[PDB]
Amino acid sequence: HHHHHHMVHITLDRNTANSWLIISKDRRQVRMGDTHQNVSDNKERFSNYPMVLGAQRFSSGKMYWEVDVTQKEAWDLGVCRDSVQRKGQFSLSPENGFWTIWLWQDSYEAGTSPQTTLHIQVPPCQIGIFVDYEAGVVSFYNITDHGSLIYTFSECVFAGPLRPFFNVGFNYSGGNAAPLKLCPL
């Protein structure tokens, strides 16, 4: 891909984070804490899952960013509508305002309804995410494997401003404590 030139500087929005997340001072890294992180509750926070949004909102143009997933066993990444549900149970699907992929139990899947099996030969340590707002496209790239395509959502019906979307996953196993990190340009 030749998408690097639409690079955008993404930062995480503390106010949207699940109350167990720890966001770094520079707002570029997030990880699961061992406990509640001593913040007040609000209507923006994701309640059920270890999710957080980027601060940036996109309503036009082409945007690209990269995320480090090194040594994580579980995570979700992509974009979502600014108006997605925050409280209670929900599935990650375009019908609910999410355009995502994930790792879970040694398999990679795209957040379609129902979910779609991904074919990745080289387990990625960094993922590139490309959004073309006007074209209705969200694409995912394997930076570890020379930028190879992972998945393209096309004919997307965004239906509002988009925000970068992150899930660090639970850490029941003790093997998923590693952070998600926004990689430098």
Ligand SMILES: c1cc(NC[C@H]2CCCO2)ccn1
Second form
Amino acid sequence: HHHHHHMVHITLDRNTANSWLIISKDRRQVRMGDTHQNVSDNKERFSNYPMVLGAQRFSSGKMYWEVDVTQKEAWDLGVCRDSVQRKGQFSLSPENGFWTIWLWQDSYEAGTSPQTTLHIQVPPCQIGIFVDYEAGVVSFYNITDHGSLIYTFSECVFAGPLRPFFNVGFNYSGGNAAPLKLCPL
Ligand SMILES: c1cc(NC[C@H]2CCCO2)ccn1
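Can you switch from the form solved without the ligand and show the form solved in complex with the ligand instead?
All chains and molecules follow, beginning with the one already shown.
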């Protein structure tokens, strides 16, 4: 792809994080802690899942960023509306304000409703995410496989400002402790 020149510097918003997440000093990495991280509760925190938002809000233009997922067994990545539900149970779908892909149990899927199987020959270690606000497009790229296309959501109805979206996943297995990292430009 040729989206690299739309690169944006994303940082994580601590205030939105589930209370078990640990965000690095530079706000560029996030991982699952083994306990509550001793923060107060607030209406912005995702309560039920190990999720966090980027601080940046997008309402126009073209934006691109990359995320490192090396050695993880489970994660969700993409964008979401600023006004998505934070508390309780919900599914990741465009109807609920999410445009996402994930890894779960050795398969990759797009967060449509119902979910769509992805066809990935080279398991990615870094994911590229492209948003074209005006066109209503969210695309995902396999950086490990020379930028090959993973998935495109088109005809998106964003219906609000967008924020970068992250889920580090649970670590019931002991094999999913590794962080998500925002990769340098
Ligand atoms: C199972 C459930 C846990 N709940 C506390 C936090 C983590 C994400 C959702 O809320 C923590 C660890 N194992």
